[PDB]
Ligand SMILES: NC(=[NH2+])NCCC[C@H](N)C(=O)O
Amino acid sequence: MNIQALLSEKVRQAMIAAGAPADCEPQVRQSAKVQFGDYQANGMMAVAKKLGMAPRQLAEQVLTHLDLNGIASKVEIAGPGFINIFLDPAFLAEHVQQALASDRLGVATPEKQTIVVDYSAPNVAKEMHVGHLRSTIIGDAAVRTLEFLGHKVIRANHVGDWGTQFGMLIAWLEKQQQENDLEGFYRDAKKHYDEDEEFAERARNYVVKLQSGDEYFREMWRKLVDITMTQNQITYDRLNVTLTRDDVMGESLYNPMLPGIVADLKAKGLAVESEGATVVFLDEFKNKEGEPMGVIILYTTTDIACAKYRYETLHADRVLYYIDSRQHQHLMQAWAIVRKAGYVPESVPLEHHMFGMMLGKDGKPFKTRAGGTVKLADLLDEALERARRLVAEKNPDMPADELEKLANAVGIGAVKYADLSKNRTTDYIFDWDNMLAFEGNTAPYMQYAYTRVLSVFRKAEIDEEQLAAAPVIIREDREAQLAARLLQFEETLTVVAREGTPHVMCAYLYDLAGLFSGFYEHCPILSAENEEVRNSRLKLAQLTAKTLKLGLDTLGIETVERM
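Next step in my check: the chain by itself in the form deposited without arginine (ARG), please.
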């Protein structure tokens, strides 16, 4: 149920009937304060200028043809001409009911698109670092959200499985095999190819045979790759990320394309051998002219083939990119090249969602106390430990068999539900005291809140198959608030899918919880004057439980049934 889009039309299909142009835009948002009802129409003022009249007069000129009967119970004008809509109880207590009768809670299925999500993107022959945790989590949240809506999501893991370093890598592997897993690999082999070593010409030659390709050096490649991706699939499985091995499309598939991509870029008149390198000129920035590359004898030419392959072979209607902030240039530049070359059209967006670096409670890069890179596994280990200590001092002397299970949900959930709360792209603070707490917008609070709600719909007799025969009658203004927000689940979902931002979902869920936690300490679902309301508020509570569950599911957050 997308009430916004509903009122969006009935106001648009109005307005016109009060003198308005075709390209018309009502601005139907959710009211800030509760003074302004459940929804606002802001589109007046802006329109009330292109015709040069008066906003507070164009206002009720629309209400004359605006018939929100059976929908709203109170429509009034306020301020410089806002149209405030106070939803009618009987309208809410009809879609609150419709959501219950559906396994998708009334959420409608959009036009079945085909989207490609680019997330995680770890490196080869290196233990996965914590600087990739953000990309992996948010990307998976996007995928889950899109998948629930019904689209066809192609998970894309752009693994750095190619580069110069493989000469330094494979040679070490070839040598490290003469003694007998990856922990001091990339680190030790680096100590050779600089100071000090003699047969690095062995390594610098070992790479030039990989581009040519013969199974021997091809095995030493895949062998080195498959081990890294096996270590990482473990990390994913621990992290509850939906990624898989057959979701890997790294810097290998987008490599034999490099010739006939700049050649075709030259065979279309767009490249000049400036400075000594193939370059392609664009025009939308500074006081002279900037310039990307392609060759010289790069991290911009690969993405072009990438963004092309998504469209031409994978039939991507849309393609999301969850990548570090320090890559916005290299993408936008290399994407503007695809916009003025016609590889991928216009109906196919190339979205880029960004984020900064991991920092601690001190503005410095997130590192260990030794002063170095933090392994993601080592982070998850402490997450589970700190969670155990958390659950212990509140629920001690309890079956260990169901503590690790609960500590898993709390700890691993907190690690995820911490990027799913921030939307910035200018670095971020990692603080255990913020994420692992029963207070605030934290996963444990949501997880506890969900158990709380669920308990109410448990201690009562009223079985499952006759409860939904007694209807919902909303008579009080806290039930109306709750029921409204409950129905705004589709809106939030559509915003997440559109903007690629899961923080909205979490903000909603946090906001959704607070309503219940206020609807509870005032409106006794427990026991009231009659059965008519007892069952009604149960269903009203029953919905949020299903809603909180489904919401947390789209984020990839475990939900324990009991705390």
Second form
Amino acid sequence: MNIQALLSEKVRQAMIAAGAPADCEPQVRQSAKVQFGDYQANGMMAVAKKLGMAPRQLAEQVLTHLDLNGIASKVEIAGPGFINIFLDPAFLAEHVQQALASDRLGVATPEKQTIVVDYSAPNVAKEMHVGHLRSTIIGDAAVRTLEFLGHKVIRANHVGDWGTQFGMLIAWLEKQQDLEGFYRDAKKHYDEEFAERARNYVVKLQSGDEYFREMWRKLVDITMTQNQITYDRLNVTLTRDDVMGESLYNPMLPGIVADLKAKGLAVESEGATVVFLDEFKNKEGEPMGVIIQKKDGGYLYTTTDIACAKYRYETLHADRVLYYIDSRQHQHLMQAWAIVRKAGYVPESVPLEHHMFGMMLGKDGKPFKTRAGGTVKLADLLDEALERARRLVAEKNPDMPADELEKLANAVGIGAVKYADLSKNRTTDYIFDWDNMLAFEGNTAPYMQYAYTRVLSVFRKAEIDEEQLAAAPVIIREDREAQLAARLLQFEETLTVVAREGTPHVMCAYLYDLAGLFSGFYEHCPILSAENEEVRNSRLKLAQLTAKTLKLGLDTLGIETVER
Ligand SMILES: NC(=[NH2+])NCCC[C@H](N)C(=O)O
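Here we have the form deposited without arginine (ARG); I need the corresponding form solved in complex with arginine (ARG).
To see the whole picture, the full complex is given below, headed by that same chain.
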């Protein structure tokens, strides 16, 4: 089910038998080149230098404690201590059929966990922007993957629905009785007497006053109604039942600042309440004063990220929390989490992980503006995708838009938006590019969609006998068959990487190499016929699992499929 995992524990045990410590790293990775096998163990030389050994020498001794019959057709040593592993065709055929039996493609369902995923997290009365856009795509993908792996995934849309800014906004709403336009006019008129009533409305909302709280509800509702619509178009799994905004934590904030002083916390600096963290000393060596409650009395983004962590453990019972937030907030998160753990609000088991991403830029590095400038309106981005997508899919037209073409342009358009983001490593600044992403040539949503259709057409347009095809025997004899078969089987371990590291681009690179391997399997390897039905069925069974694997793999990234 997980070849790398299986091999990795066997190599570690051999090593251990050779004198290696218990915590040794076999370093079994997928082979870079087919002449090196399916997998190789890379970590011999490190241990060899500490065992007083030649890399080859250890590796050789290792290869004596290593029981790989039935698993690897052959296992040779190479270069300075590498162990190279060619998987046995039997083993491949057995696990390919076996995987063709589960609707899960044999992918294990590990010890279930409650995972909280903090993603998207826009702000009320401000326009949703590309950072939230990225957060939404990457986070949703992680949600889908973890959901497929079996876990109770709790979506936590951490909306910025609290802050001094509302006093101004709510006042402007009152006088009124374009999200961008609303804030600006309130801003100008607050500055342009507005200001007193608006600070005084910030106090009034802080305290009960249902008149105000309804107004705050009405504002939150306008922003979240619009965003949900964006979420819908993006076929993202976020729903309004998943909104867990900063507001949610207000009631517990004085309970926390209170607890923290009981250890733990200083009224030092200019009044206010600061935790001082020696981990974050100034260059002069002055500890970082992280304010959790101002002299003004109001609380802060830090306070609310503390509560939110404490809450997710104490109340949600998360085993793990994933935060898909822009890289620039990294030390904010590390400061808040530093305080959370010092106060013992969540234990060390239970990760709390910052899955950072980088900025979204335009064609050459400027901060990325939508069509016709403005302040980046995502509905515009999504409109422009579809217009391009529609005109793009116009060629080779015949079937009605209705559900035929229109669903097709939508899959391709929205697919491109997501997949162009997901296919790139999240830590990298992402240079948007219409033409690269809507292409069919490289690692794109449309290329993948195209390939999926090609696989399905190869399969369906032939014959059918589900119950009989399932008794077909899959025999690996060609070298491309063994390669395809092995790639297919690495689907779980790709999933596992994505789920551990939070990097959906690993799957994209998998599904692209996979579709590359099918095309080469299609051309240089004939589909019907040779050994009549014998070999025909095997190849069909491999096109079958490839179809099922692309489908599934793309449904974890949130990317739809057509059949045309
Ligand atoms: N737990 C968190 N701090 N989540 C992220 C909140 C991000 C915030 N909504 C923003 O627009 O920047």
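Residue numbers count along the first chain shown, from 1. So that the term is clear: the rigid core is the largest set of C-alpha atoms that superpose within 1.5 Å between two forms.
Of the residues 313, 368, 212, 109, exactly one exceeds or equals a 2 Å C-alpha shift between the two forms once the rigid core is aligned, and that residue is 368.
Remark: with the core as the superposition reference, the CA shift of residue 550 between the two forms stays below 2 Å.
Taking the rigid core as fixed, one finds a CA shift for residue 433 smaller than 2 Å between the two forms. Relative to the superposed rigid core, residue 277 undergoes a CA displacement of at least 2 Å between the two forms.
Overlaying the rigid core between the two forms leaves the Cα of residue 424 displaced by 4.3 angstrom.
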